[PDB]
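What follows is a single chain, given as structure tokens, in the form solved without the ligand.
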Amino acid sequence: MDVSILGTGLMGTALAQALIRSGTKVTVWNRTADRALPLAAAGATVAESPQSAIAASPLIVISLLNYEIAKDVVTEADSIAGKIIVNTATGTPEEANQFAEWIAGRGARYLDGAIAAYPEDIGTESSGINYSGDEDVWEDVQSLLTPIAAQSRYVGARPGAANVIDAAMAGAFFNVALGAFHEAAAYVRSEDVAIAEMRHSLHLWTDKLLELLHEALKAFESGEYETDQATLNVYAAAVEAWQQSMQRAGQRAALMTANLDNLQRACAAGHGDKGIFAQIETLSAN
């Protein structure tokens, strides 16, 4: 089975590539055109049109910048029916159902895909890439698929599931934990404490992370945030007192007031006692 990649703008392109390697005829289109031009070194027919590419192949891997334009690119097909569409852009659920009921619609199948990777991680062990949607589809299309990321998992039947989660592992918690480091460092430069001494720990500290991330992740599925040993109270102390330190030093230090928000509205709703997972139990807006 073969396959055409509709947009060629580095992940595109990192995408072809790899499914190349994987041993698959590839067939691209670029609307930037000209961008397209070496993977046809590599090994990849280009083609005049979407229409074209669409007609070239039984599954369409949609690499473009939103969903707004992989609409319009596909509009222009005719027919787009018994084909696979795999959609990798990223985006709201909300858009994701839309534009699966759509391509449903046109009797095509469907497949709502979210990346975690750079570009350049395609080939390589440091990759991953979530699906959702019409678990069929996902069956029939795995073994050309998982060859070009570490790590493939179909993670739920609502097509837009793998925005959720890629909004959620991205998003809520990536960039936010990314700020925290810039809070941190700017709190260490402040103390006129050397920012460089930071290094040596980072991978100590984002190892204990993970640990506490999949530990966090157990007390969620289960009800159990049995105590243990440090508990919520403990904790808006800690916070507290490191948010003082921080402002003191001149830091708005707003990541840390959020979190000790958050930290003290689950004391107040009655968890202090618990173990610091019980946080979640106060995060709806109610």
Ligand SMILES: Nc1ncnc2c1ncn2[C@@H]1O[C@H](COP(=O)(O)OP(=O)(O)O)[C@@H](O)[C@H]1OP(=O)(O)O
The other form holds:
Protein chains: 2
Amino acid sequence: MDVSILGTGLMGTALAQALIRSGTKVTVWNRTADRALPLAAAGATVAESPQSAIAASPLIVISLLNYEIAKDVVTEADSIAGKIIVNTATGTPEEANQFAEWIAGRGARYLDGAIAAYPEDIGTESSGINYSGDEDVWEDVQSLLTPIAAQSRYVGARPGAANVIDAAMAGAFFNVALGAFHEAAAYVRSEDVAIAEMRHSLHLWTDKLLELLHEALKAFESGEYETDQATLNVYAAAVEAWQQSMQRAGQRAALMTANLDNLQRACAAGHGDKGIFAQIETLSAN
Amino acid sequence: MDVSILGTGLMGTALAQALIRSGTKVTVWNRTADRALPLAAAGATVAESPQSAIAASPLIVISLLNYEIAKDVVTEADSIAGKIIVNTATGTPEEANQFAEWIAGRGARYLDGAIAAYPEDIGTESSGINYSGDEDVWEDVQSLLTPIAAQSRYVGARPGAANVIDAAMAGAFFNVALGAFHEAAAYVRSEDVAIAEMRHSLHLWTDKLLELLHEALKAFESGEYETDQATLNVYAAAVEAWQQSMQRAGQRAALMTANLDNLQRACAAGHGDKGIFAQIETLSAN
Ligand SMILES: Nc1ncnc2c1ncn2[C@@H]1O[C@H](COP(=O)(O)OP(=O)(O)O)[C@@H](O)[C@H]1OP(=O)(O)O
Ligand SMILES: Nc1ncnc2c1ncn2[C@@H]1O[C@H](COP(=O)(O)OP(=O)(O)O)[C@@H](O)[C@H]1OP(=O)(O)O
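Switch from the form solved without the ligand, shown above, to the form solved in complex with the ligand and output its structure.
To see the whole picture, the full complex is given below, headed by that same chain.
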């Protein structure tokens, strides 16, 4: 099954190159189009227009900045009836649900994607894509698309599920954890200790974190938050002492302050004697 | 060189077992002492008293709850002159600096340690210990102690350096990042998406985080925060949109809120067009 890609940015380009290597015939389009020139040389067909790119293939993969631009570009096709549209842009769950419904009312099939991978990672081990929406669609494009990522997974029937997980993992987890590390290193530097002496431990701490994340998920699935060892109360106390150390050292320590606040509410609602994972129970706004 | 361990808790016990396996003669003491019974069977000598345990060995490794208890126990020796004292308790840098000075005034040598490893990890790959204080001491105990952790490192002349790095990595980074993951999963669940569909990506995200941490450290060492790709401004905007999504979904999102605040201050102080690592520059209380 041939495919066309709308968007030859870094990601779009990477998608196109992986698909060529798969042995798939690829047509590309891009709003500028100088950008798509090199892809021509690798085996791709450059199209004059979205309409023309859409018409060329049964499967259209979108890699454009956002959902609004995606909508505007695919509006320029007169017909998409019978086509499979796969939109790999990041965005809100609502964006996905609405895009899905618009696609469906034009007589096209839809699947929504979210890419956890730098462009340069796209053909390799260090690359995953989550997909959500109609499972029948996923079944029809799995073999064609699974090549372009090591770990490709259908994560739910809701069009917006991939976008929810991507926000959660890239935003709520990853970006915040990256910030936490800035607070950490700024703290070390404030105590006149060499930031370099953090370096050799990094992999030990990210390994430990991975094992803990697995364990937190098991506990969130279970409702089993029971002791083991350090309780919420112990953690709350330890975090307060860390916060005070960081402040005495001249750091605002805002993430550490927010963490303490999460821990206290968990304790203050009677979970003080359960394990740290029980902190999940008071993250809601109530 | 024989060693005595004060404290046969889980950690103390683990230290003792590794040292026996090293081929070192070990004497142990513990305040209760039923606890130390099994260690007898593995090859260790149980001592009646701290004084007696101290007298038995040139090198004393402390694994007691905190610095206060450590001080009180070693006060019970009449003499420690000429002994090497290695205190592996976690605590503040000030605790370390003061303990160091007290040890020195009793005519003993000192090194301070911080253990990044669960007890069960102590003899294995997944285990590191940082040491700080007098480098001459480290040189004299390196071969004897390096066995009991895969990655053992001297991290500075300040007695308190190991305690600073441990607070930074265990507290400011790790505990907060673990909290961030609770916010993430609570968010996914709030959007009626299966928390299970986070699981398969975990290792990809902790791998990506590790590479990013390395890169942040390189940038903190350099002062080179320059573009590349996504700027502080883009991040601030993306984080606001994540925060709004999480709140609309009924989550407090306190860590995400604190992260945004860090990002805005960086932008609001004219770093908006540099890369994310420039956020380090406004973490101070000012
Ligand atoms: N307003 C718009 N209309 C149509 N396509 C747009 C667009 N804004 C961005 N794109 C496309 O969306 C894709 C995303 O590009 P980007 O600037 O976000 O980064 P990158 O090139 O790294 O992917 C590109 O294919 C881009 O095409 P251009 O080369 O014409 O910029
Ligand atoms: N007040 C105190 N005086 C002396 N030793 C103490 C102490 N509190 C704790 N310890 C020791 O400090 C060590 C830390 O024990 P812990 O209760 O913190 O956890 P774990 O047993 O997992 O290491 C133990 O060797 C403990 O000895 P006990 O078996 O007598 O509890």
